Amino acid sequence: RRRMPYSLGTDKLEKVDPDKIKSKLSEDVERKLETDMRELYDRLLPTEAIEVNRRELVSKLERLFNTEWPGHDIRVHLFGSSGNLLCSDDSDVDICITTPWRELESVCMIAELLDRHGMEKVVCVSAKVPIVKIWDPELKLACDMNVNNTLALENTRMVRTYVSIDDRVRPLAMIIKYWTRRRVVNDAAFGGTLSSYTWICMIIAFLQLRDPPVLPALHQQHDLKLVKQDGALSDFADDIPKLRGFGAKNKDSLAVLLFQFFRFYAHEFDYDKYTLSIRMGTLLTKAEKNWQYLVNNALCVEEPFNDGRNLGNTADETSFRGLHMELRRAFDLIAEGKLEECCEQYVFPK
């Protein structure tokens, strides 16, 4: 299911004359783009009826696990879009199951239990982190779940903190995520594109590099870190009420930020030289991380909790060329306020 066909080649896109790149939206385009974005954001927001279904699934799973394997304090947690304020009604339910009972990390044992109790399309992937995928026919929800993936819970908590800092982040990130789904550039497993978490990091990194910045570098704000419930200091600043309002110095609207996001990644950002690091909040070079030797390093996005891992390693040179075309395609359409055409649903050739 290769998203970017090998026929694209690997050539770098041309450097367009800077005078031919639109510098800012016109007054009419921004006003219409602003209303079109807030109308779409209202459609993208989740509904209460589906929110209670996701909580019913969590409770149903937690009862099934504790009744089948009692005495192990098995708890079910939401993470990803389900826990960072960025999910929609059609989003999957991403679940992290925790227990001190290490035997539960054999996930096909979980797959058998859920299939035995009526779940459908039950597949286990025993893989980076083992995953059980189900489809709940009663609640009409798809669910991916892993066991003791505490890293996913922490960086979900980091994304949620970033979303809580500035009220423009949630609508901006949800609209961009919607764009990644419509263009089908959010499949790092089979399509060769970028993961949902990779895109969120690219959004945060863009917001950190604005002048003035919309978001801070939470990993570097040492004086704003709280003691977690395990007794350890949080790796990132998480004092949300004290962090709120950090981006108020930036006066750009939602419409301008969407325009600048695509403009940044279409023409401004030098993909060949720099690594995007939301951990540092500044640009790093590939050379200072020795990342000029990484295979699939055309796009370097540093994972904040493991600076030795490039989130963009799922994109080869052909996939990156197609990804760069989509970002330039998006920039040209948003520069004219064409939000609907920017989000045209991609369809795979037969």
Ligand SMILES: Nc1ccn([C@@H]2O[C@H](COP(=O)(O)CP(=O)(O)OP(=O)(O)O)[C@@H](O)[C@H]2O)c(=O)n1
Given for the second form:
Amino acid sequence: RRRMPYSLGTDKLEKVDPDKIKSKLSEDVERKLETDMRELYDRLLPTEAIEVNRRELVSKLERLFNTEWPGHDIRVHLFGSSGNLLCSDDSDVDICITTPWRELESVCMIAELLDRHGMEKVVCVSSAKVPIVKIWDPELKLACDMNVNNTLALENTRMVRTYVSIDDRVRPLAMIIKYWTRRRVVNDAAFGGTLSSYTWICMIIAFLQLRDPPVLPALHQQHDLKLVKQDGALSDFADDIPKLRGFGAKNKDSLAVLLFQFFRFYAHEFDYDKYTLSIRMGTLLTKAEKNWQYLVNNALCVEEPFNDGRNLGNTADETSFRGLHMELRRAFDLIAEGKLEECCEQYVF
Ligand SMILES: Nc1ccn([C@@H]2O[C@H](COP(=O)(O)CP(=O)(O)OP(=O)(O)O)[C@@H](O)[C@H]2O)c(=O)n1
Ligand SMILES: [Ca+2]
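Instead of the form deposited without the named molecule shown above, give the structure for the form solved in complex with the named molecule, please.
Next comes the full complex, and the chain you just saw is listed first.
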């Protein structure tokens, strides 16, 4: 399922003279793009029935696990887009199973139990860095990936949820960019050699942190607004939502202007060879100061904010990155003229 064929080669795209790159939408284009984005967002928002089903899946799993293995305080939690305000009705369900009982981290035992209780397409990856069980629930009609005790993923999901809660523009902008990535088939870091949705979300956040004035702060740096978590530890990132809300309100750019600027930033402004995007810091880092010029698959460097050693761009080789950059050029060209529908056309192999 390789998205970017090896024929593309690996050449970097040349930087275009900044004076020759459109920097502003015309009023007519902005007005129509705003309306078209708002219509698309309304269609992408989730519906009650499916949001309820996501919760029902959590409860069903928790009951099954505590009946099979009682006395181990097994709890089940949504994460990913089901927990960060960025899901649509067709989004998969990311689930984290927490327990002090480390025996449960051998996930083949979970697969066997779920197969016994009517889940379908039950498969597992026991030797991955994060072992997972995948299922299809035929009653709730949900595809689910679950892990055991990956509490970092609960926290980075909660971080994304906090960013979404800080400024009204984040949810529609991110939901629309995510839709673009699905239609263009550039959000498949396993099969396709492109980037995970989480990676794209971090890129959206990093872009918004770099607006003038910024739309989003650097939550990991706002120490005085960190609250204590349910587990009793101080949060790694600022999370006092009432005190953070409004941070970006001084930036008055519309959703249309922000979508145009997102594609302009990634298509033309950002120097991929030199810099690492860091939502932990809210400022650009250099690859060189992280020794990231040596990483395999380092054409795009997007630092995971909880593990400064993980490049979220590491699933894109140089060929795939070339194709991704070309897709960003294409999107910039089209959004510049308000062509949202064409920008989001389904890619066909
Ligand atoms: N490198 C990574 C990749 C993923 N994760 C964790 O997995 C979740 C789902 O990834 P995801 O890519 O499915 C993001 P989501 O908003 O759910 O997208 P979707 O609606 O298109 O399904 C993220 O929210 C992170 O908690 C991580 O910790 N490190
Ligand atoms: Ca997901």
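Residue numbers count along the first chain shown, from 1. Note that the rigid core is defined as the largest set of C-alphas that superpose within 1.5 Å between two forms.
Could you check whether the CA atom of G9 moves 2 Å or more between these two forms, using the rigid core for the fit?
No, its C-alpha moves less than 2 Å.
Does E340 move appreciably between these two forms, meaning a CA displacement of 2 Å or more on the superposed rigid core?
No, shifts by less than 2 Å.
With both forms fit on the core, is the shift of the CA atom of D230 between these two forms 2 Å or larger?
Yes, the C-alpha position differs by at least 2 Å between these two forms.
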